[PDB]
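In the block that follows, a single chain appears as structure tokens, in the form solved without this ligand.
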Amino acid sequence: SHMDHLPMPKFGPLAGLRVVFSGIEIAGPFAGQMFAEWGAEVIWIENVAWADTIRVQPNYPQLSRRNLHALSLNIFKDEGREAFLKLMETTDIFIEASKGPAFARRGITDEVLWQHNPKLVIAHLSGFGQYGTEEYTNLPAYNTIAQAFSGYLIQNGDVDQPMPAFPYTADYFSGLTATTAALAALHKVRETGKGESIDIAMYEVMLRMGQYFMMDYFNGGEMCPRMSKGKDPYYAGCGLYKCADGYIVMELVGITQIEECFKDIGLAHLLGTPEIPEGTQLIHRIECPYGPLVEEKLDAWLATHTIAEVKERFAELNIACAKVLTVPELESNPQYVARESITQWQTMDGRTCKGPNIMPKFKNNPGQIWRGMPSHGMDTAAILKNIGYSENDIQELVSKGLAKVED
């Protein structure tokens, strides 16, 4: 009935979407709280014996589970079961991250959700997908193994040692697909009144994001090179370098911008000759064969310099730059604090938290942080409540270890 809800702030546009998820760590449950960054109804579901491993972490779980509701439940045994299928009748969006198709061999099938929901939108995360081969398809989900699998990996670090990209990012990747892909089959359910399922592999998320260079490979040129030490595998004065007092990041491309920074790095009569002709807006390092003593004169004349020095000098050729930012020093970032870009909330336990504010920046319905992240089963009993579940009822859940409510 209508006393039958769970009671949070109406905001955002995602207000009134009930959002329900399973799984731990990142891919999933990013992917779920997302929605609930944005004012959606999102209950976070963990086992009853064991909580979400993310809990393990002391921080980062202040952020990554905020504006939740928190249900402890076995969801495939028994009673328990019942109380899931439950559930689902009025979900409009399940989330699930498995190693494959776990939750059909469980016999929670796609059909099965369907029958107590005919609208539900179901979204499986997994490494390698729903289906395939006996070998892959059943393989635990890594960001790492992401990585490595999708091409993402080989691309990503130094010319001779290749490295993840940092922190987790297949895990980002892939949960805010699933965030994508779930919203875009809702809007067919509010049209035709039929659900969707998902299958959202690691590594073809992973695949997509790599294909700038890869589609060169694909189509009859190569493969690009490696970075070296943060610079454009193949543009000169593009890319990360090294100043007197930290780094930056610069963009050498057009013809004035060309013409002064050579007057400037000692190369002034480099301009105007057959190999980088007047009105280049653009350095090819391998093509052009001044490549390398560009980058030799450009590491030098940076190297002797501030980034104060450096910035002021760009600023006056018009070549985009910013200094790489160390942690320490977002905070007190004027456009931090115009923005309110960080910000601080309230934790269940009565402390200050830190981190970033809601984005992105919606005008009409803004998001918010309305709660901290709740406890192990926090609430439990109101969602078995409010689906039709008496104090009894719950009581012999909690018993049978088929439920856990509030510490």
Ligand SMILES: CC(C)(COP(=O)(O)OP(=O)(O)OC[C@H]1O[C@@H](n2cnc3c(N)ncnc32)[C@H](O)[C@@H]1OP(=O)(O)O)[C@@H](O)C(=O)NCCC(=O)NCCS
Given for the second form:
There are 2 protein chains.
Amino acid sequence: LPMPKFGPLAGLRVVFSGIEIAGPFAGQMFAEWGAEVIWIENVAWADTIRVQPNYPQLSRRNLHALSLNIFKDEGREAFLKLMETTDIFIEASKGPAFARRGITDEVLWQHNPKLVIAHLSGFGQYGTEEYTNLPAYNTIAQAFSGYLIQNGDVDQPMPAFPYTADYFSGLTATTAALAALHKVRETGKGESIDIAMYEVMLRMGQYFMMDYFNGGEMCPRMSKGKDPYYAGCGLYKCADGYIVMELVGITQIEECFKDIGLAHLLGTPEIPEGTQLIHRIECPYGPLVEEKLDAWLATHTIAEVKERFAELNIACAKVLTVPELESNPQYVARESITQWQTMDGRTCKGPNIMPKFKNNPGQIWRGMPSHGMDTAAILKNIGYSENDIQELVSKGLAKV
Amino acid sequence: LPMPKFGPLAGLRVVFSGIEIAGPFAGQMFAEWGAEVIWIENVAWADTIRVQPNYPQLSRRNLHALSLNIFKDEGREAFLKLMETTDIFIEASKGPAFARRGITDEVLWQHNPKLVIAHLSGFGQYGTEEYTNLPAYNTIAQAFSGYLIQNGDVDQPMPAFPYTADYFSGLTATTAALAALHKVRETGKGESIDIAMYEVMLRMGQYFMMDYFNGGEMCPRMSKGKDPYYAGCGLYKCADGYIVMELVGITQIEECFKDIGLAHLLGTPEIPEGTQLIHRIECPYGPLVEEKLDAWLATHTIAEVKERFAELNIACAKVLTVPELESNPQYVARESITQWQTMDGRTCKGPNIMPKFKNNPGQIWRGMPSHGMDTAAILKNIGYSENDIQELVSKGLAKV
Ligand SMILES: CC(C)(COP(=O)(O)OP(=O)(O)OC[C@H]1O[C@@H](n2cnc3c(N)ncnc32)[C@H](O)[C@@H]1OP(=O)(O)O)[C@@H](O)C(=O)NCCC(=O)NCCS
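Can you return the structure of this protein in the form deposited with this ligand bound rather than the form solved without this ligand?
After this comes the whole thing, all chains and molecules, with the earlier chain placed first.
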């Protein structure tokens, strides 16, 4: 298919079947970085992402759109033919749904024995009958992994937002699919990858959970965005807004304590000389430290705190609101937010390609395609005639 | 170096320089999947991760440990020699610190023109003098990217937890490094990757931010864990505790409305037949749906609701606490939590390898190594004599 040659993944052919965030995010990252990526949609039912007015202009850029019933008659035949030239196939579904509909890994490999197959599900491709076939979204994966219980305030759990587990899960699928592709180059043999969203999020939530599994206690939740375990770390209110800070280091603690009126705690059994990080659970002065930190920060503007904290080498940042990003100097210098043209000729603003590859940078070469926009070109490219395509369309097995 | 042959990344040589979560997570993931990974630490002090009693047993498993001053004299020479047989080098530091210390990308490529170099920083490798050389922290990246302001409750922002940005940034570096490695295999030319943590997190926070960038409004924060825009989605209370649900789909909405007392809303101009999602602010009955949902869930147990939503194909799950995971049927069936031996002979419990590769699964072959445990074997492997190694040690440039 016609497109510019760019990025580390030029020449790669990637196909995904899935909707909304997780599966499509996995596939579309390949497209940010140069790959030929094909988005499969159902014929009567488009990806529900298309209901959002702006997000998909970002989340479906650089893609080719195919609309095909991949499970019926000529539709299935065209899908399996497509697999013959495909390097990586990503599918998101409820457990082993493809296998239930006749498309097993074995069937895919009969068409391409080198195929990397990434299966993204909520609960895995195997397990128990109770959980394996359950529908999952982000919130379910957070709940089921112990991630949700660690987010929110002391007395109110909540999910991490927006849709955090969907992005972790998609990104993991991209990572694993690339690692599998690497091995194909040596062995000439494909691979199947079982990415369960709850196992993804299980791993992301281990920092303190590992204490629970190994004799210790679990950590409590944050109190108003303050770290549950480390004093002077996390979210604080200044006179004119929010900041984050990380009170870490010997001199940092001593200078900060001088400023806030707690020099007299320094060099005591509770806070000995050379302390570099205050453990709030262990420390009986934890609450006093937070009281005096809050009081000092409350009487100073963000700018004054940043100036002082720079003198003291204390890490901090203003909590930026969305309207402050586009004019921020670092964003401007790095072109972190850019613009591109949609398919219908309108200017769209959003994040540039990330990360920045020095020798082979990504680029935005196409806006989001419409439903079935490239069906005819894709089918022609894999050997269908104009007549064949019209007959698929007339049976309702494809949409152009 | 001696180790079992397994996984998709068998044979790959990866080296990382960094401490704590973000850069080491990127490196260690290669080790989960079969790569030879060398963890560099300083000589007279170690990675600060080691202070944590349990987590490092997970976050540094399957690793080899090198203690070497890579920037000074014969230590720099030994590091640049190591690069000659390294496929991927990952480093986390404050902006272009390696370049300031004398090791530019050009110097690395003089030793290995194929080298994939992943540079992980808070604010990127270039930009403004004000921000580029600032410290990298999870809280700062969330603050600076607009991620933090979206998390939390209506009148209380908070970071996503635990240290969510470090994991996203590390995982991205792994993905990007594997993409660049694919390009090396095609062209023979190495690559330098500039992973700015704030740009990673910017992308993960776009679902609603894209509305702001293109003429619309930014979305509010969740209220007690309920989605800010979609009704029937997020955190709810049953008679005996918390669940999450996602009220999504045509039949799902119909059947749920019937159960909760809103059958009379169906097939009207406000809720047309075939409605798949309730937009809580656009729908005049959004608040009514939440009232009726809350009331129905309150009179039923978690088991009762799970059963009904299984019937209706409505995604839900109990919000699991950490003590509930190990005995959960899906966790048991999939061995999602397993056990292994530490290097000093104790049993450690924690997550298994994820994801599950069918043909070439990962495995746990080694506990976390001690400080400089493999220094002598690594240096010997790249051609240093017994006496050369002792000289490095005497000069304080290496630790064995
Ligand atoms: C997203 C999800 C919950 C939707 O549930 P669903 O039951 O698949 O609902 P859909 O309406 O999307 O699919 C209905 C059928 O159309 C099928 N279908 C998909 N693409 C098709 C195509 N091109 N042609 C014909 N049928 C297709 C689906 O596979 C499904 O078949 P099944 O009922 O035999 O399992 C489900 O795919 C899932 O749990 N996926 C894994 C987790 C995930 O990715 N969640 C989204 C994160 S944002």
